[PDB]
Amino acid sequence: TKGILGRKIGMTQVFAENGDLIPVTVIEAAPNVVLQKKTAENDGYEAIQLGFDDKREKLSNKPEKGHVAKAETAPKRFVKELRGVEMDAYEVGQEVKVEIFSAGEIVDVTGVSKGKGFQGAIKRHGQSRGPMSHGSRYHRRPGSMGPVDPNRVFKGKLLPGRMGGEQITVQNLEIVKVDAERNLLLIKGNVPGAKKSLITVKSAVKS
Amino acid sequence: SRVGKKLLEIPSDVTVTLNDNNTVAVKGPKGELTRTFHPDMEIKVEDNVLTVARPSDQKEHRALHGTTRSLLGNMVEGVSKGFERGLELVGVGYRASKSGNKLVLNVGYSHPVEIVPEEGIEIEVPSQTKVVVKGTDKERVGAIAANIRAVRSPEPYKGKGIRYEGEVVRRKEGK
Amino acid sequence: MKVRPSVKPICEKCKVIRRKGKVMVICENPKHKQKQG
Amino acid sequence: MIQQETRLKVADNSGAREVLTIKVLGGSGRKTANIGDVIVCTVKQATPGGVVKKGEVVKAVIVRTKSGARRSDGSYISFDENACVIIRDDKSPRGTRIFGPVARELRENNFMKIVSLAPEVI
RNA sequence: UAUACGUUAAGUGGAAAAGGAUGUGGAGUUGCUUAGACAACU
RNA sequence: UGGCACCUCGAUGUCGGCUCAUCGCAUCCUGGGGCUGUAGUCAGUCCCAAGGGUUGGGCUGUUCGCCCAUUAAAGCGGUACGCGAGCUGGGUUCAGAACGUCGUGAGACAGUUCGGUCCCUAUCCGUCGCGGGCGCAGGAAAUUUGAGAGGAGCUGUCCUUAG
RNA sequence: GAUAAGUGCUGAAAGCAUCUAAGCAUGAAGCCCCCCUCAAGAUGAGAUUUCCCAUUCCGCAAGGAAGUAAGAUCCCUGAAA
Ligand SMILES: [K+]
Ligand SMILES: [Mg+2]
Ligand SMILES: [Mg+2]
Ligand SMILES: [Mg+2]
Ligand SMILES: [Mg+2]
Ligand SMILES: [Mg+2]
Ligand SMILES: [Mg+2]
Ligand SMILES: [Mg+2]
Ligand SMILES: [Mg+2]
Ligand SMILES: [Mg+2]
Ligand SMILES: [Mg+2]
Ligand SMILES: [Zn+2]
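Protein chains in written order, with the authors' numbering: chain D, 2 to 208; chain G, 2 to 176; chain 4, 1 to 37; chain K, 1 to 122.
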């Protein structure tokens, strides 16, 4: 398992050698730093803790500075763990760079989907409307809440509520290009989240 | 039980040991076999003369008696003479080969089929249309022989497929 | 396989057995396989 | 995007002038057909004395659409009309001449007779 | 978590019939049996 | 389809459709099998299996049914013949009018026909989202394990094996 | 991985036979996982890293009160919310 944290920069397109036009997402990943190695002995499981995006001193507090002191690095805005990693191949303070990936590699990309606020059953759950004419007074409503017998609504009757802003993984994306000089990943297709949002790129779990 | 009452005369070069847990080990030329038996079964070895004794005449005990004798009888003959089951390939193009320690069967599929014998069993292939399983344990030989026959069981219209040696395949008329 | 409440020998060669607390008839003739149910 | 009730021009000399789409083939709930897809249709307008006659239920392949088709190289092709060609089950056209340009996509779907007959294959 | 003597292996007990069955316990009758039975072996 | 008349007449709103589903398995498709009067391709029948899936139209108020064209399949039932404080209001049983028929008649159906008001600002539980409080034997900032819960679960055609 | 129907291997009870009684396998879109998401109020409130540090009052103690540390909030500029 490989992984790296980055920021979503946006989308563009790239022509392949055979002429195909491939849409790509640009992910900017300034070298990550290993902040802590968790072990089965001490922690109960194996994981690597990656810090990304150096935060201004003023914005960092004292507990944060102490935690990153062992790694000998500036405080990091984003800290995440990776499980399933080769523990011995990593050391606290090691920088993880985009060049762990190569063009053509298959990765999973995790992020938080863009928020949509309070959305109805139609938009939020892709339900059907009622008729718009022929006397109908039922247009964007969520449908019958259920049968009479239970004298209550079953759990999981889908209804309006806040939409978006959930963690979402897209699987089996192809790495198109790795720009080591600029710390960029070109991934084929699109990934969850607004621009500048944190993105995690891991080696595909179904590989 | 008639079967359980019988007494097994151990051949000269076979050794039978036990750990007072009814775990009869039986060393011999072909190999060694171990088998834990039901606690309430008196197993006696008096100078190459094995006998099992039932403590009380009762359904459960009567069954275990005959079985324990039967299984012991196989362990002794196993390490001495050993057991073997023969299979026959019938059908045009059906053939068997041995790629090292793996039986390869071309039985009319789009791929070859590979059986890896488990430890303790050997699969000889004298001809291409005759397979021979060999081993010390009678169970394992039967198990492996069944696995091989299962690859292409004999069908009733022409008899094609792996059959046991001298299996009476029930034939039918096609058209 | 015949799955019926009335499992009986159909011919002389049929044998009634009890596997897994279930009455069964096995026979050389495959048409005579029966299991009670 | 051809669907039920879509009317198409016929781009051949089979005798049908206009057909109405009865059903898009090739999957249970399939809503829309595009260039290269086969549809079941009825002949709504026919040429007098043609092989195909008004009211017949025929199969046709879509050779032109207003929506058009996107290509791997990132280009598109669109036409100003939706046109089809009456076909048999073996994919040969029932007419003898094809009129107007047809899309390159027919070569991928093995409508080779239609492609050869077309005055232009774009 | 009594005593004594038996039954059940089905969680039967804690849901139903005709019918089916080498389940098992208890009585009884009877065919054959060391002049050698049943089973298996020419 | 009935039998009974036990709850409801100081009101438990109807058939069909729409929106939203949920459950049973007596399984329509897909999966795994036994038998075949199963050569192959197909099928017949029985067993296991409820994970997912299970079409769009013409006619009719229709349910249903016939038909057209598809599909792997176009499953059968329960949930107040699920669902009108969620919608529709075409059918049916208010007042108008008319035909046939019956009546001396007012009127009526053993039959039709055209037209005809669908009220309610959600207190409680339930359901979908979002906060505040306290707790978790000091006060904080981060990163997390996963008891447990939800989601997903479908399938065609073609090429090859191979005529 | 464990199973259903099914297929069995060895095997007596019942000298034979038998998938079964002891024992050993195989075997489904189904079951438990694998995959995705939430999840310590899981009051059984878990674990790891880091930060702060034992103040001043009273009361005989128990305990109470007041300034603060680390840190956070009010308030303000906003949106990727
Ligand atoms: K009259
Ligand atoms: Mg309106
Ligand atoms: Mg209730
Ligand atoms: Mg009364
Ligand atoms: Mg009242
Ligand atoms: Mg009321
Ligand atoms: Mg069933
Ligand atoms: Mg109803
Ligand atoms: Mg209601
Ligand atoms: Mg009406
Ligand atoms: Mg209440
Ligand atoms: Zn028989």
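Just so you know, the hints here were simulated from the structure itself, not pulled from any lab data. Treat each hint with caution, since some may be false.
Label-pair distances were calculated between CB atoms; the ranges are [what the hints assert, rightly or not]:
no., chain 1, residue 1, chain 2, residue 2, range
1, K, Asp80, D, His126, 54 to 60 Å
2, G, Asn22, 4, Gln36, 24 to 30 Å
3, 4, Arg19, G, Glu43, 28 to 34 Å
4, D, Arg153, 4, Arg19, 30 to 36 Å
Some but not every residue of chain D turned toward chain K, in silico, with C-beta under 7 Å [what the hints assert, rightly or not]:
no., residue
5, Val15
6, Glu18
7, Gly20
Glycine residues also receive a C-beta, built at the ideal position from the N, C-alpha and C atoms.
Do the hints match the structure? See the list:
1. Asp80 (chain K) x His126 (chain D): 54 to 60 Å: violated, 39 Å
2. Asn22 (chain G) x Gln36 (chain 4): 24 to 30 Å: Because 40 Å falls outside the window, the suggested range is violated.
3. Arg19 (chain 4) x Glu43 (chain G): 28 to 34 Å: holds, 30 Å
4. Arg153 (chain D) x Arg19 (chain 4): 30 to 36 Å: violated, 48 Å
5. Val15: violated, 10 Å
6. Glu18: The hint is violated - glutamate 18 (chain D) has no Cβ within 7 Å of chain K, the shortest such distance being about 12 Å.
7. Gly20: holds, 5 Å
The structure fails to meet hints 1, 2, 4, 5, 6 from the earlier list, while all remaining hints are met.
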